[PDB]
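Visitor: Using the sequences and the hints, build the whole thing.
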Amino acid sequence: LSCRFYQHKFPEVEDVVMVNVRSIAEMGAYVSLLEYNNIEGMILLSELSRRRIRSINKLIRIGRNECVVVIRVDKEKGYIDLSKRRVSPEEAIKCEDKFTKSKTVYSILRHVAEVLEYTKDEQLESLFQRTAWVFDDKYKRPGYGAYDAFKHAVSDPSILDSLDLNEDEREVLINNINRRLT
Amino acid sequence: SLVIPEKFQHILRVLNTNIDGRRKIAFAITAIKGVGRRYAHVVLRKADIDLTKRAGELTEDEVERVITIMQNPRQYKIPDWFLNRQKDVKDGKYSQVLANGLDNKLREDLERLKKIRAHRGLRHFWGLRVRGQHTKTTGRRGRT
Amino acid sequence: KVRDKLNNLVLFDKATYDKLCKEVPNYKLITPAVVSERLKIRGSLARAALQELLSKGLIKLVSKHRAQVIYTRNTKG
Amino acid sequence: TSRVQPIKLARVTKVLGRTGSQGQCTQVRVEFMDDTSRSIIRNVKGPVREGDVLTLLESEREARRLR
RNA sequence: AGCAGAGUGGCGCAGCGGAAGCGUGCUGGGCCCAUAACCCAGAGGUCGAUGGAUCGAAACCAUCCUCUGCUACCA
RNA sequence: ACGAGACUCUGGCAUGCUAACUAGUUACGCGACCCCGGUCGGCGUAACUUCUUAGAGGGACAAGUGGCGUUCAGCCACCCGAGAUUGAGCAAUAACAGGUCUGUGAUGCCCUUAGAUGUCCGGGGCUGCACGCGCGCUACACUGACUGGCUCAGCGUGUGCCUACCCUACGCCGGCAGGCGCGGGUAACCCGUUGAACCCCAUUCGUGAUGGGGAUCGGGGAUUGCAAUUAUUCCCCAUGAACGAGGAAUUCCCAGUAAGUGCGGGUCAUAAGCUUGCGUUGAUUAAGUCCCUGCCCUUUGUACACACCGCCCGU
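Protein chains in written order, with the UniProt record's numbering: chain Z, 4 to 185; chain C, 2 to 145; chain A, 38 to 114; chain F, 3 to 69.
If you're looking for bench data, these hints aren't it; they were derived computationally from the structure.
Check the hints yourself; a few may be wrong.
Claimed, not checked - Straight-line C-alpha distance at most 27 Å; calculated DSS-like pairs for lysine-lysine: (1) C:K47 <-> C:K34; (2) A:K101 <-> C:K25; (3) A:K38 <-> Z:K101; (4) A:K56 <-> A:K93.
To be verified - Derived contacts from chain C toward chain A, CB cut-off under 10 Å, selection only: (5) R24; (6) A27; (7) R55; (8) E61; (9) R141; (10) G143.
To be verified - Here are some chain A residues pointing at chain C (derived, C-beta under 10 Å): (11) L46; (12) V47; (13) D50; (14) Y64; (15) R79; (16) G80; (17) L82; (18) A86.
Positions of the beta carbon are idealized from the N, C-alpha and C atoms, including for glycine.
Guide: Below is the structure:
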């Protein structure tokens, strides 16, 4: 069981993403966006570094994640062009923190989902919409509007029970937020 | 027929080993150590069992007849040259071994060679090749 | 990158039989490969079911070969 | 970008020498069909004939040399 | 004797729920007529230890051990 | 004047020429089966070279047409046309401290010559394994694996001097590897119309280290040889490991070509994962370049000439 992290199916242009590299090809390289349900991406050979490289696997490092910026996307066709050269050194810590909050939210909701025993794609998307995407749209922040909401809801059960998802599933989610997020 | 029958036994516990029932009966019985592809066709030809059925729907009397063909294959008119263990150095009998006699008799033959101190036994004790082939270029997974 | 090791049933249960009998004669192209993909059964089992449906007369033959066979539905008119 | 350039198709008039580092490119003299007076030079990859009409994604650049 | 830091490949170091890596050292191969530079691959890990929470911890909990930052023999 | 070319061999065609019971074709008769007509690599004999064999001659030469070119050498496309670039053989001056004294009763010098570095017999070794490297073979599967049936070739070779050891149709026995009395060929006659493999068709298998892959290993039976153990080889049943399309780097090739697939010869008493030939199926891409690795000619530069893998300055 797996799905996308945020409510957007494909990210917008000039947006930072953390992506997992899969294989290296001739014109580009095949990657997998872990926060967008492992969709197909492309990184260019000339875009890997601003200076002269000596080997392809100087900067490939197959299996380890990296930070990229979306240069051109195609929402109707499902193609995203990634960029490695156009990144700032100060963006890496904020991207890592955002991915940390997103991955702990995904792990907590996956744990709550396997407790509640709801194994379906549409039902799992409904659980995400009733659990995290509602507060994300309420706080108007794609990722920063969720972890602060769990941090407030760990101490405020009235703020926790604002979403009308269920009763026993809401109690299980509150128990998971109380035990994990401390 | 093609619908699953009642008491369709999935896992078959035969001769203290694990046998899948989803495989063909000419091939599901080949998972037993000691019996292979060629001798499996003879056994299901002596017994009146067709080769078009899976192993998971057969019952006690036919699998019991097949186990009798396993244990005593000589007097069901299986030819003597079809066997794996012939003309024994201990007693001189023709027999087919099914993993227990096979494993302990292979172990007893290896300790017999190691006790008799033949160079086949010394090569088996050292952990080398016995059939007389070149070791200079191959066998690189011997020891670290 | 999910593996999802397929475990195809060797024979039909209850739901597969009427699911086949209601949906397979309502499809455009029928081959044992696409029957095994859609109904998560074995390849030879799909061949036996298609031979049964051919003997029943609800499927017309198009071409036969030792590699694969081609089957299609009846005309709805 | 944010601009869809309409695709124009052009027919050659004369083939020139083969350019490129390995000699894999070729200089051709193409001409437009919406107004048959304009002649530019483009870089093509692959074998071309005389009277062979090519598709052009853009109609604004000019042919550069082997470098 | 009192409070804190560190305990991770031969060496130094990053890490905090889904999970053994980095720089360096060693071995081997390629490139070349050959060597040095350059590239590739691998071996090398009780993550100091005990019991427990958790579906699941090297990290969370309590203790001890080893080396340091401050008080110093305080009767 | 040598080299290139010129020259030779082979392939590609000629219903024209010479010829065939050690090659066939076409007609005729007989015989066999079927429903009046088809099949016979069944039997036998009246012409012939259409198939086959191999001899002499012919044919392609930029020959024609349209362009480019100083309209000179030549180039491009097209028509008629079996081919408008088939493949090999031979291959100059100069030198290499290239390899061979283990090809030779070809060989200078040195060593040794009866307790022999000559020679012979018996046994062993050239195969022995922490590891690295090169040439190759089988596979990592469903364009597939197994099982039946259908169905098509060409190069070859064959009873040897001391030298004994040939290729094989046919009958029986045995699952098979194999065994015995029987017939031909010293070869277009006999194996043989060389019923080859890949392919073709029809079942079984169903994404599973699986019916892929056959390494390792146990037991048994035959053949060769005086002798197999460190299994010569072959056959039968078990045993079913690694391997999920392969890093840096690197090899070969452009038309019946690469590649897949099998058959001959060399070694051979027993004998091919090698090599040389042969045949079947049969493609992708390209008609260019000097970027890489190198080669040919002219000009220029040089402190080099055992020749840049050279020479040389300083702590």
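Visitor: Taking the hints in turn, state whether each one holds.
Guide: To see whether the hints hold, each was checked on the structure:
Distance hint between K47 of chain C and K34 of chain C is fulfilled; the C-alpha atoms sit about 21 Å from each other, no more than 27 Å. This hinted pair checks out: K101 of chain A and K25 of chain C have alpha carbons roughly 25 Å apart, not beyond 27 Å. Our distance criterion of 27 Å between C-alpha atoms is met by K38 of chain A and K101 of chain Z, whose separation comes to about 23 Å. Taking the CA atoms of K56 of chain A and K93 of chain A, the gap is about 17 Å. The hint holds against a cut of 27 Å.
Of the supplied interface hints, the one on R24 of chain C holds, with its beta-carbon coming within about 8 Å of a beta-carbon of chain A, less than 10 Å. Taking 10 Å as the C-beta cut-off, the interface hint given for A27 of chain C is violated, the closest approach to chain A being about 14 Å. Interface restraint check: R55 of chain C against chain A, minimum CB-CB distance 6 Å, threshold 10 Å, status holds. Of the supplied interface hints, the one on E61 of chain C is violated, with its beta-carbon coming no nearer than about 20 Å to a beta-carbon of chain A, more than 10 Å.
The beta carbon of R141 of chain C is not positioned within 10 Å of any beta carbon in chain A (closest approach about 32 Å), and the interface hint is therefore violated. Because the smallest distance between the Cβ of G143 of chain C and any Cβ of chain A comes to about 34 Å, over 10 Å, the interface hint for this residue is violated. Hint status for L46 of chain A: holds, given a least beta-carbon distance of 8 Å to chain C, under 10 Å. The restraint placing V47 of chain A at the interface with chain C holds, with a minimum CB-CB distance near 4 Å, inside the 10 Å limit.
The beta carbon of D50 of chain A is positioned within 10 Å of a beta carbon in chain C (closest approach about 6 Å), and the interface hint is therefore held. Hint status for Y64 of chain A: violated, given a least beta-carbon distance of 20 Å to chain C, over 10 Å. Among the interface hints, the one on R79 of chain A holds; its C-beta lies about 9 Å from the nearest C-beta in chain C, closer than the 10 Å criterion. Checking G80 of chain A against chain C: minimum C-beta separation of about 13 Å lies over 10 Å; hint violated.
For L82 of chain A, the interface hint holds, since its Cβ comes within 10 Å of a Cβ in chain C; the closest pair sits about 8 Å apart. Taken as an interface hint, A86 of chain A checks out: its beta carbon lies about 7 Å from the nearest beta carbon of chain C, inside 10 Å.
Of the numbered hints given earlier, the model fails hints 6, 8, 9, 10, 14, 16; all others are met.
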